[PDB]
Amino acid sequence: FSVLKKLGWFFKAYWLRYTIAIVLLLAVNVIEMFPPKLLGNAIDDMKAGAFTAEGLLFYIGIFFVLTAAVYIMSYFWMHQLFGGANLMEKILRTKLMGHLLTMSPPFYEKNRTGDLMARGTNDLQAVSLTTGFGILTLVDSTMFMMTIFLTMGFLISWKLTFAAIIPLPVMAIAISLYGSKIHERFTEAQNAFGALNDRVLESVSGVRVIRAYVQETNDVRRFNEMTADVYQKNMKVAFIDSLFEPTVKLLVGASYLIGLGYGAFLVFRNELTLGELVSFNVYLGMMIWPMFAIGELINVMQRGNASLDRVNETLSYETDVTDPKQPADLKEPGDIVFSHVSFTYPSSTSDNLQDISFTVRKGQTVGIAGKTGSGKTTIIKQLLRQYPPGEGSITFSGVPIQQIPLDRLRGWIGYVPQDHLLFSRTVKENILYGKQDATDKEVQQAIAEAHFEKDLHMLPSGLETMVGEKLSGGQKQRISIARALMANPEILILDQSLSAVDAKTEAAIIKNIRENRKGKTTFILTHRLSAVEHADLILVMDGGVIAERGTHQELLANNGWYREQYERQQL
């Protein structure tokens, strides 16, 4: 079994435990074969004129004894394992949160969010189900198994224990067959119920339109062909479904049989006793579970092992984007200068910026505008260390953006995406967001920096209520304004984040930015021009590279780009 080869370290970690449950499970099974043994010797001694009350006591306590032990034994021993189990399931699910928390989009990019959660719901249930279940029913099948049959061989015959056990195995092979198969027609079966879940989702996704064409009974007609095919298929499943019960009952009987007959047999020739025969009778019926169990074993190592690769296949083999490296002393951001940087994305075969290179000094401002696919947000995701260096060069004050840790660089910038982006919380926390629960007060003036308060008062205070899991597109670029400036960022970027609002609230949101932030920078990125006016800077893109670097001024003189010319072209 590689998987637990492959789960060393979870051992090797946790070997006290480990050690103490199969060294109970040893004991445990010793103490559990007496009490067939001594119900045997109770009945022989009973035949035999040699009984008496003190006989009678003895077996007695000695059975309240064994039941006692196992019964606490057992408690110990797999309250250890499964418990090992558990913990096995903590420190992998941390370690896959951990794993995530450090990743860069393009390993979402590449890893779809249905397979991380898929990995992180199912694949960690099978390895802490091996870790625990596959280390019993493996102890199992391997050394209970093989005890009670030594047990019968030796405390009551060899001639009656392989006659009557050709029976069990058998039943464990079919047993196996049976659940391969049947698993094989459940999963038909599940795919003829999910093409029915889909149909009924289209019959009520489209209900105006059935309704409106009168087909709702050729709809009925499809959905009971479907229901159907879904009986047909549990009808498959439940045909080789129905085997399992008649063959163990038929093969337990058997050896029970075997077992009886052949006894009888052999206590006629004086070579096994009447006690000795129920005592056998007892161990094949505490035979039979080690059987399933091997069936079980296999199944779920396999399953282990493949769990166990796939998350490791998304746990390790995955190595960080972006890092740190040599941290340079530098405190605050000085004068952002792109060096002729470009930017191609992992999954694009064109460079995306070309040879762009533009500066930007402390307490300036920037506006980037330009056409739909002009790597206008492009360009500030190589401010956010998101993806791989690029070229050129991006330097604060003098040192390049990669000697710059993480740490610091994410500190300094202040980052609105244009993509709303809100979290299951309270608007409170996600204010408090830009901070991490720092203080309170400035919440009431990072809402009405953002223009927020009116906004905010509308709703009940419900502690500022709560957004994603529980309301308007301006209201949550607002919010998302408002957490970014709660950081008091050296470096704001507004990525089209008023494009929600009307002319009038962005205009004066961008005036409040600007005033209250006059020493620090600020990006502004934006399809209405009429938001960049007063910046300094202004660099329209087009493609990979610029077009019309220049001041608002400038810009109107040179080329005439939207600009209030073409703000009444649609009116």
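Positions refer to the first chain, counted from 1. C-alpha atoms forming the largest set that superposes within 1.5 Å between two forms make up the rigid core. Compared with the form deposited in another entry:
- Looking at CA displacements between the two forms with the core superposed, a shift of 2 Å or more is confined, among 493, 300, 152, 486, to 152.
- The Cα position of residue 543 differs by less than 2 Å between the two forms after fitting on the rigid core.
- When two forms of a protein are overlaid on their rigid core, residues whose CA moves 2 Å or more are considered shifted, and residue 206 is one of them between the two forms.
- Residue 414 shows a C-alpha shift below 2 Å between the two forms [criterion: core-superposed Cα displacement of 2 Å].
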The other form holds:
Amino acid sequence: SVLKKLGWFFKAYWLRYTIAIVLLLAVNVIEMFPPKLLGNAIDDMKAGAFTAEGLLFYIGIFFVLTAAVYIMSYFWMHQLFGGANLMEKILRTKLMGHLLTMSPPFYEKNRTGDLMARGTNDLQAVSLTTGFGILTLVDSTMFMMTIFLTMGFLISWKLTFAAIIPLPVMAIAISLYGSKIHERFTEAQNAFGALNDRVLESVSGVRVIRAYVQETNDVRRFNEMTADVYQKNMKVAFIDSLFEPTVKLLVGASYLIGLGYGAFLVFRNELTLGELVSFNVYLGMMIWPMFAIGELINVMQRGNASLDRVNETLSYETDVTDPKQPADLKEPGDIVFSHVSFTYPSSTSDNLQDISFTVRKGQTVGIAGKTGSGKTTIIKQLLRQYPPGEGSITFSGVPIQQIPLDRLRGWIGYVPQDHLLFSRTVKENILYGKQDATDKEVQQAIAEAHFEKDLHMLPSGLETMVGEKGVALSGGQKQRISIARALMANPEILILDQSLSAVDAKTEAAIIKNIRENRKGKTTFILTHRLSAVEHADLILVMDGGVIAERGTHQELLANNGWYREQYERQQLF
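Output the form deposited in another entry next; the form deposited in one PDB entry has already been displayed.
Left out here are the partners and the other molecules; the chain alone remains.
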């Protein structure tokens, strides 16, 4: 299976290992002559015919054979150990190529530590298997095959069908051991994924842990998990230590049968002491290296399980998010929702009911209602991060699909309600939006989200390193970097998702004033809970559960009695 799964790599490179199989045959035969040479030499010594020139011939043959095997197996080592590295690298590239270009509904079903390990640990295991396991398997198989052939013709077939009797038992034992070790190793790989997940969770949540004083209550859980992992490690140690004795037993049985029956053959005069020594050396080289057979199966089944994990993660069908047939219409200004009955993958109810939303040309639309009413669900309908069940964004006539995700994603502005950054300088993560921005538009977006003053606090303006996540930055600063970054693009469609909830009222005034200046005839989706930036719009939809309670602008809402009617006054009387 691991061979049938890794073959396509070899079918891609059958110029590098074809040269290496012939090379291994050569180095095995040349290194397999010395046994018979020694048998002949000792036979000559016993008869008293050992002559000086024979010693010179023997030592010369030994030296030349040693040099030949040295070099001509150095090439075989280099080739195969390089092939393993190449396999690992290409698999890693494929794995990250599949992780990308895949919508967010898979990250709820797939872990960040399971995937991180499924890259690093799984690929190092597959590399170790590709190199060392295949090396040993091919070498040992062909070596045993040829040793069984040479002792047959060149010594005898009775002495060699007789130490072969115990090898079928070896085969059945090797079958059972692998049959168990495969399951054990798939479990071990999943367990490493789980361990990485737990450590990642603990590391990410540290202030929440320290502020609550549960260091000890977490070292307890880690200790229990490590104890369970030890228990599993010993449920496999039991089997591995019950396997080795049968291996060594059978090796010793083959040795003893060969030795005794060869002595008996010598008694019948069908074989000589030189031939006895040769056969014993042949068996010693053939069957005694089997002590590493258990490690070979360990490597080969660990690799099989790791590669099965990689394969099952590497083909997931990437959800429903893909251009079917590019419609190739540059953005119509109309976004007309006809009937949208949507149901998240991890839900059993229609989270969104039929919503007849409609926004024409450039019109700020305000969507703000009870929490949990799914306004960011409607927004996610636009971005097509989730499969469409009944959604009909209907850009002009054409539905949401039939658009390039590159172009559709270029139309949208951004949807970061929770703040997100990357470990770099503030300049670089502002440049992170659009096509690397430009020379001075960075400063424009800086002193366009009322963020210029902040640079005084930062010791190195636009140059100080932004720490991992939000380290070295306050919450309002980080949101003000997000707005700047995503205003670098001057999007035709802008989506604000509670983008003003992490800064003061005074700076909120600057943003809305500067957003009013920036947004003139460009459609904007304002989602907020501060019911003041929603005052200006052609339409304001108040969201209640899966349905919009009321529709209108800032005026009729204060006329019709409803959610918006009571929410504005309370924020006004303050």
